[PDB]
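Enquirer: Listed below are the residues making up each chain.
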Amino acid sequence: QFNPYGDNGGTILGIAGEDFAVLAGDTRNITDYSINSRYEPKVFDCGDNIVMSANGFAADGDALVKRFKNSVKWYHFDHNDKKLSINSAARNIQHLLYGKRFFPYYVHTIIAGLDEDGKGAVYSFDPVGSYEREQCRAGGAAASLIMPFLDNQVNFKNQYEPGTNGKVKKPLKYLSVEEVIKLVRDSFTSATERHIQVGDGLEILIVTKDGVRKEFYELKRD
Amino acid sequence: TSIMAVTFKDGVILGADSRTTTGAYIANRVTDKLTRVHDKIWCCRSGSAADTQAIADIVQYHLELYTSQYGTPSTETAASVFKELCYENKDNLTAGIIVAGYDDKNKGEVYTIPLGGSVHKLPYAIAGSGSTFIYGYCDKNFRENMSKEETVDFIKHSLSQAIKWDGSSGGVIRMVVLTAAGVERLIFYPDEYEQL
Amino acid sequence: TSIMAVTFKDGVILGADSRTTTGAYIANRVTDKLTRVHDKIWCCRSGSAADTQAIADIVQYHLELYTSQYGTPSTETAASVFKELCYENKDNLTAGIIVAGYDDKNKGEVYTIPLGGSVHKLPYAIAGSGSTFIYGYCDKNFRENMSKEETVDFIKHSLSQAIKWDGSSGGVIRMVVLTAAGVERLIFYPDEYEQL
Amino acid sequence: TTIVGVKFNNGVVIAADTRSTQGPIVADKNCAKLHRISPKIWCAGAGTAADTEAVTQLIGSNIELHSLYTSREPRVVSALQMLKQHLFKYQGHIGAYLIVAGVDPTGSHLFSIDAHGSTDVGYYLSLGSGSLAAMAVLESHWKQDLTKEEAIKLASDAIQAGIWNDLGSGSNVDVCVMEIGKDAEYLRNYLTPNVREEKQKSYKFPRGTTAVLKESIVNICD
Amino acid sequence: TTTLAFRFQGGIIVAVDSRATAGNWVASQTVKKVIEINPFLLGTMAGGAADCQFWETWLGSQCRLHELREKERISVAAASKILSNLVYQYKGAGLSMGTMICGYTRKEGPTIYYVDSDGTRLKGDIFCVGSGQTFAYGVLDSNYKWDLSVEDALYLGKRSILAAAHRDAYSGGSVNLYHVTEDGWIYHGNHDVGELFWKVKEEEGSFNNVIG
Amino acid sequence: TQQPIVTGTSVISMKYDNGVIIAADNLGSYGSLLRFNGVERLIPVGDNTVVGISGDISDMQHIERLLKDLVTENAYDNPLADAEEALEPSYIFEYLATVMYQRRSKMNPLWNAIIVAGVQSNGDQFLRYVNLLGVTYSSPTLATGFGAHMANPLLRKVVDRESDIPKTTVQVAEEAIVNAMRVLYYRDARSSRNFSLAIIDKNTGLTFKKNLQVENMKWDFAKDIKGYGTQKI
Amino acid sequence: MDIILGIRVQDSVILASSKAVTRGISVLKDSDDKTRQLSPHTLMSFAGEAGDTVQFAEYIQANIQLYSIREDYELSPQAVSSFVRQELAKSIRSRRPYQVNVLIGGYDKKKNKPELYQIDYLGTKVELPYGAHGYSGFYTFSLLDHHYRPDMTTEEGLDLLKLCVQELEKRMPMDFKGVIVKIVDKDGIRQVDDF
Amino acid sequence: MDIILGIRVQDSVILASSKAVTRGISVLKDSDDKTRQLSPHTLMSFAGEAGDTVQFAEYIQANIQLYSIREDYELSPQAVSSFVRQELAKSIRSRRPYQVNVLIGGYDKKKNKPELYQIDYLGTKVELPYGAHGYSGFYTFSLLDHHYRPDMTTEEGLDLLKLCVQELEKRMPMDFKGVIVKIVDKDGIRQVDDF
Amino acid sequence: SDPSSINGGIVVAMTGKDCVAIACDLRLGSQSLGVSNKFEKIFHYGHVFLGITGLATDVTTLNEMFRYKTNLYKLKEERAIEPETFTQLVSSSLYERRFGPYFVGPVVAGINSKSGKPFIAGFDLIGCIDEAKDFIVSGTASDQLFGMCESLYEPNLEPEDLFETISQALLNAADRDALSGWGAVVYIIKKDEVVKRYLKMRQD
Amino acid sequence: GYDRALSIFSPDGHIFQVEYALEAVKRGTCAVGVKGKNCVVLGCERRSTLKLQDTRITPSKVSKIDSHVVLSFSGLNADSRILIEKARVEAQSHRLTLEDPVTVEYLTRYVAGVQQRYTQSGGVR
Ligand SMILES: [Mg+2]
Ligand SMILES: [Mg+2]
Ligand SMILES: [Mg+2]
Ligand SMILES: [Mg+2]
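Line by line, the protein sequences give chains L, N, b, V, K, M, X, J, W and C.
First residue of the first sequence? That's 1 in the entry's author numbering, and the numbers climb one at a time after it.
First residue of the second sequence? That's 1 in the entry's author numbering, and the numbers climb one at a time after it.
First residue of the third sequence? That's 1 in the entry's author numbering, and the numbers climb one at a time after it.
First residue of the fourth sequence? That's 1 in the entry's author numbering, and the numbers climb one at a time after it.
First residue of the fifth sequence? That's 1 in the entry's author numbering, and the numbers climb one at a time after it.
First residue of the sixth sequence? That's 1 in the entry's author numbering, and the numbers climb one at a time after it.
First residue of the seventh sequence? That's 1 in the entry's author numbering, and the numbers climb one at a time after it.
First residue of the eighth sequence? That's 1 in the entry's author numbering, and the numbers climb one at a time after it.
First residue of the ninth sequence? That's 1 in the entry's author numbering, and the numbers climb one at a time after it.
First residue of the tenth sequence? That's 1 in the entry's author numbering, and the numbers climb one at a time after it.
Here chain L stands alone, though its shape is the one from the complex:
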């Protein structure tokens, strides 16, 4: 029987700072035990300072990104070139996903950008459109490896103030873009070591009020 779904592997990761947000993803694309491409980008600039990735089944991922990009285009046409805010993008993507509730897009979707107060924003979606704003989210094959590390290093979970008898928590603070990129790079090298579908390269898209910047780093190719 024909199976309309496949698994293209890879993993993605979104972190939000005070005045920026990053959306990272490895560039490896796979089926079964074969590598299809060492450099196939799956993090995209969608316009209006919104970056997006739909990781899982690449055909669905590409279809969704394609539809959302088109949605941004028509939002301008219909509402006098108004900028699509990240919260409005999130709600729109929910309807894109839930519209195929009974034949889902097989993807974990993350978008990143800035909210209407200029602060960094990350939104994450399940395959059928349940969404939530967070400081932090990993998606895809190695999400289970990376996410607990992010809980510990971004949100300071299980970390108490030394000498306080485990009574005072380590206080929450925004991270600098330098600190965030260090965590992204360590997250992906760790994932690459222990997950076979993760490797080859890492492409990070950084979003500030000035626009979208890219950074690339080599990952292990085995």
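Derived from the structure by calculation, the hints contain no laboratory data.
Treat the hints with care, as some may be off.
With a straight-line Cα cutoff of 25 Å, these simulated SDA-like cross-link-like pairs (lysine to any residue) come out [unchecked claim]:
| no. | chain 1 | residue 1 | chain 2 | residue 2 |
| --- | --- | --- | --- | --- |
| 1 | M | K68 | N | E88 |
| 2 | L | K100 | K | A93 |
| 3 | W | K38 | W | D134 |
| 4 | W | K190 | V | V218 |
| 5 | L | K157 | K | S142 |
| 6 | V | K204 | L | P162 |
| 7 | M | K210 | M | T98 |
| 8 | K | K201 | X | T154 |
| 9 | C | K64 | J | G24 |
| 10 | J | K162 | J | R149 |
| 11 | J | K29 | X | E169 |
| 12 | L | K73 | M | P44 |
| 13 | J | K29 | K | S142 |
| 14 | L | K182 | V | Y123 |
| 15 | N | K9 | N | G170 |
| 16 | L | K169 | W | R79 |
| 17 | M | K218 | V | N10 |
| 18 | K | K123 | J | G24 |
| 19 | b | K156 | N | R143 |
| 20 | W | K38 | K | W25 |
| 21 | M | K226 | b | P190 |
| 22 | L | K119 | L | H76 |
Following the hints, complete the assembly by docking chains N, b, V, K, M, X, J, W and C with the ligands onto the known chain L.
Expert: Okay, now just chains N, b, V, K, M, X, J, W and C with the ligands, sitting in the frame of chain L:
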């Protein structure tokens, strides 16, 4: 079934056994698997009797309506109509058809259409359950530009072997000769072909 | 697999391709499917590689112990030991074996043992997935009391065609000649047999 | 796994990668797939990890006893026969796929064994999930009359093909050279082309970060 | 999930957890499982996250359209029935929802409706919904009286979620409290179980099964 | 929901400094029966694109007709049909990719793996894959079926990343492709010896080579291999 | 079968076990005692597959009684629980495993302490202040997490148990026909007749 | 859902319907009224698939109320029962059938007679002196076969009904949380509050 | 009904400078229902420590079995078993049940008393030895533990620093797993002193 | 389907078909509504050129839409039945979804909406 069509110097000859089965019971031992879709465009039928009949009937209708408007259709055109039906209804068909015709411009032509509905133009084609047993023999013995008598002998010897090994095949060997001269029907009985 | 064994004037010749597969991957392109169970009693193996090897090893052991006590075993005896193993373990075996040997009293002999474990003594035998495509050819071309050179050509041409049509078959054509003179190993490469 | 074996002038060489997986997760980044059956008979094993180790140890044990019984150096065909009959008996349920090689009084030998108990003979062989990548290299660069250093190069190149192209294989290349008239030389981590890069950050925690409820001394003495 | 809502002397208490799971994977610890439909209406979410989220925000749009057309806030009965009739149309298609529509109107007073994806619609004083519902019931039923003070009712709702968060593997994160009065709903904070458990253990003397 | 009947095996390809090379054998398999030997599985579109197709052959022939029609339709009311408004490889791919994903979404796929190789109007190399699932990807080397497992490792030794492309000549590239085709003939049980190869160069254009044969094969060592373990004769 | 509960307090272990035996759409009995005395200060309650339950219980009972006669001595509750666990751990890999879940309430006379062990059919043993098998735990554990204190009297334990039965009688789908309650302390095993 | 009973006596039809709504291992409600008034002298009780039951009941209710307003007239119990049967008989061959079993108790004012109709989800209608749906019938029918007389008073019918509920509370596996009892006679429909 | 994920739980081991650490959670459940918050998964036989995740009945059985076997070892050998030797015994014992295995994920940790070398090892349910320089992970949050360890770990940590690293590895891994947590224990092991610490963690 | 736009604007901005529909109302028997402090009374004229009528069965001029709302009319009698039927169906539908009978304003708004729809739909008067 064991069926085949072979091009030669003067045109093309089609050949077939006469056995129709349901399991191991021979429902018809004198079947005619060589079917006219036009004056000088014929086909060999294999697979489901019902499917191949229904297809051949539709094709014959299409070519009759073609002829009314545009004159004699090419053998390629006939094969395309067969393909269109077999390809678009591949989920609901079990039909392996060999199309064979004679043009005066193109002479003899053979097109085979397997289960999927793909088209393949060949010098000769074999099909049906019994064809498996004569791939070796036919490849070794076929020559291009054979005479009528040589081509008749090639088909006779080939189908004889296909019939000998395939339980689904048997009865008489029917043949249809397509040339500029016209249409000739040949029949060969067990007592002749079995002892070849 | 395409395998065969053919009796002739001076004895018997065994033949085989050299392809072992797992699905459509060729695990071994230079396999030796012609196996010694005694000095002048050999077999062609088809079906499961593991099953046919395990059987051949047991048979070789049995015939070695037979020889120690009762001298040289007959080809019939070797075939009976193969049968006994294949018949009694039919539920757990996928082995199609052709047994071939040379006596001085009985000359060349061929026994084929299909899946069920039945025994069939024949002038020549073909087996394996590729055999299906040469039933026609082999029946038409085999003659009794052929010469060594004629029998080599018969097997070469036959396996060439079996290899040509069967995806599971290929590589080199190995042959083993069993006569009073001794045991001769022959090999034929693609560049020779493909253009036959 | 990727594993290979290559014959040369005066002996045989086998090699293997060092990755061990559990689904898409790398369980062991530096596991030893080269097994000693006797001093000069060595086995490369793919398939179920515990099976290849156990079947290699059992036959190795019995080979040692046999060697002591017969006052003779063990032969590769004996290890081959014992392994194949054991594996056949278990009808494939012991998932050991082995490349058996070595030197003995009879000469130098190279064989492969399938889990169901069938055996091959050849000058070059490869097994495991990366065997197609390896065999592609072997079929491209193998020739008759290889030297020792040529055969090592070919073998490790064939393993590298698996390391880079097969997700089932990774990390390092192990090699064992068995030459006639000499001691077998096991080359553990002969190549290490997958060293982890320096991490961006030290994640050493301030002492006292972890909240503690109880402490106690554990008695290990009698 | 664990969610609950009950009625007492002083309105309605509504409490929920905040955990999302995918099998044994803890996906989120910060999910909003209460949706604020209007200043007098609340909806609770259990089952499929998308199903609940999508259709309950859709419900909010239908409630807004009612008050535009009818110049009057929708009744809790009519709001709940829009949702129940919607999911009944999809019955068999595989929607997964266990919801509670809670609110106050003049004609009804404080009202709670249970609505689930197989089309069940029930008016009631107490309901607990989700994989941890039984754990919440155990504590809630054994301490419930109609005459609870606003202060005590808030604690009991909070304590019942904590009970389920602790025992049910698929419940946890934090507790979100709400109080519904004649004047509308009032949010009573997000309470992380990380701190709340130890605070309750120490002050209450309960949870003796746990190593202190 | 389908099942493939007459099938074509691997299609292999790679980028070199000035263009792309693509190859596929001339076989139409019918299960284990190697049924048809004159099957062309590389289809040129214009003078700048070659589409290589594996999988179901009836569906391949359907795709041929679609591409043929695309050329006709593009020429309509188009004075620049053989100039600025000629079909680009990227247009041909996106069209096929759209169709492939639409068909999978209707649960009635075209049972194929497709590689579109060509050169864009600005001289850039184009090489991209699409299959029955609508999955698309690009890489310096691309291959389908067994080619993915056996050709890619060999072709990646020549071009392992983007920077290797300018360093690779058409002679070196073709040599690697031809070698990979030989390896596939050794090891793929549904491969034929006869194949076609196409080069799309930004300077010399489209070169289509038919009736190529695998040669310089090693079989001699087979004579030394006897038995399966202990047999000596 | 169905409902078996256990509460360990300061000086005693209290076991409550449902009285219903239901087969199909009929409650065949409403006074069934789902317990066996293994030794003077050790009581075992049980729930699970029909037939299996009593067969296992009586088999364990016979073995402990045999031990008692042989050594003229009473095994500790810990020792008995370990013996029972091992029997179930053997059973789970047999041709036909015992599908029986048990609670063992005992008073260790050497330690002067009550002890409650929960053991499932797999042979999963845990010592607990309060225990339950089946769906009962889904209501009682959270209830006991709230109201239980480690220093309670036998009377307080009985009131705590009444609270559990009341909750089960309110929220459980099936009519389990009340419970038989038994107390295990320094003076042995006795049954509360009015519950 | 689960238990719905009906008894037709001399001058009235009495319907008894269980109060429990159970989902999984939780009794979500113990005061559920599984009945709808179709017209002043016609009452319908219902049991079956969750959602389906109330949806069907209210749909029938709306249709009968629509008829009442259109014609300024009350349909006879026989006429209503035939309308309901046909709706279910349609339903059973739909893409998704209503899985609802109903009892219709009515007082025909033209005939001055009580009438009780039992209709299952297939659309199988029968007029009966006493009726039940589901497993309830397996206990109540034989009981009523013995104790029922055709000339009983409403009070005698209620005592006869108490006997049924008592039997069900003794032998049924599940706790159905008692029944709501309603009487249909010449004066319309009223609810007994103390049962 | 997957035997390795009915009860839940995790174990992790790490090596430091002249020391080893082995840690485990305290949960024992029956699928969604938490049953016990006192179920320790680490045992020791002399100076050799063994942690076992998976089906709790098999955890208990194997502890009892290895206590049995190491007691007889000591009586006959007249010395305590070493980590390397015990690792082999665990492997043999598990493979003995090859086609009817214990559903467990054992982890050996300890210091060889002769050489002074820290030693850790892991096993699959049927005996495959997984040796490591750095860390071994096991249980229902093994993915999470792999991610935590691979990023947090650095070589040659001091006992007090190693405690912080292994604790943070376990805690944050456990909190992303529904079936792991409910308390935690960490063992810090030096050549001739062992310290056992119970960690404060969220109880949901 | 019959599509003709029968209600259209004339040069002066009138829709004559709507205005001619008012003439039909002007021809109908007089109907009056008066509301008191605690009641509403609906009075209706019945023309007396029809003797030999059966008043038991002849359609009454005032119709109950629900138990709490009534509708009287002036104009074409056959037309009014269609409006009354639709109103009665909407009355029951409202009770079904809102769980509350219609307000008189809502029921009126519905009936008026139906009437409006027949002034800019093709093929209807
Ligand atoms: Mg790799
Ligand atoms: Mg049909
Ligand atoms: Mg025949
Ligand atoms: Mg929890």
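Enquirer: Are the hints correct? Go through all of them and say.
Expert: Verification of the hints:
Distance restraint check for M:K68 and N:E88: the Cα-Cα separation of roughly 19 Å lies within the 25 Å cut-off, and the hinted pair is therefore satisfied. A hinted pair counts as satisfied when its Cα atoms are at most 25 Å apart, and L:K100 with K:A93 qualifies at roughly 13 Å. In summary, the hint linking W:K38 to W:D134 is not supported, as the alpha carbons are separated by about 28 Å, beyond the 25 Å threshold. Of the pairs offered as hints, the one joining W:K190 and V:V218 holds, with about 11 Å between alpha carbons and a cut-off of 25 Å not exceeded.
For the given pair, L:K157 sits about 34 Å from K:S142 by alpha-carbon distance, which is inconsistent with the 25 Å threshold. For a cut-off of 25 Å, the pair hint linking V:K204 to L:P162 stands: about 14 Å separates their Cα positions. Straight-line distance between C-alpha atoms of M:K210 and M:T98 comes to about 30 Å, which puts the hinted pair past the 25 Å bound. Among the hinted pairs, K:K201 with X:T154 is consistent with the structure: their alpha-carbon atoms are about 23 Å apart, no more than 25 Å.
Distance restraint check for C:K64 and J:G24: the Cα-Cα separation of roughly 46 Å exceeds the 25 Å cut-off, and the hinted pair is therefore not satisfied. Distance restraint check for J:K162 and J:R149: the Cα-Cα separation of roughly 15 Å lies within the 25 Å cut-off, and the hinted pair is therefore satisfied. Taking the CA atoms of J:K29 and X:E169, the gap is about 13 Å. The hint holds against a cut of 25 Å. Note on L:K73 and M:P44: the hinted pairing is violated, with a Cα-Cα distance of about 35 Å set against a maximum of 25 Å.
With a CA separation close to 16 Å, the supplied pair J:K29 and K:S142 stays within the 25 Å bound. Restraint check for L:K182 and V:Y123: the C-alpha separation of about 49 Å exceeds 25 Å, so the hint is violated. This hinted pair does not check out: N:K9 and N:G170 have alpha carbons roughly 29 Å apart, beyond 25 Å. Restraint check for L:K169 and W:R79: the C-alpha separation of about 47 Å exceeds 25 Å, so the hint is violated.
About 22 Å separates the Cα atoms of M:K218 and V:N10, which keeps this hinted pair within 25 Å; it holds. With a CA separation close to 18 Å, the supplied pair K:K123 and J:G24 stays within the 25 Å bound. For the proposed pair b:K156 and N:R143, the alpha carbon gap of about 21 Å is at most 25 Å, so the pair holds. Between the alpha carbons of W:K38 and K:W25 the distance comes to roughly 23 Å, so the proposed pair stays at or under 25 Å and holds.
Between M:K226 and b:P190 the CA atoms are separated by roughly 19 Å; this keeps the pair inside 25 Å, and the hint holds. Restraint check: the Cα-Cα separation between L:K119 and L:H76 comes to about 23 Å, which is no more than 25 Å; the hinted pair holds.
Comparing the model with each earlier hint shows violations of hints 3, 5, 7, 9, 12, 14, 15, 16; every other hint is respected.
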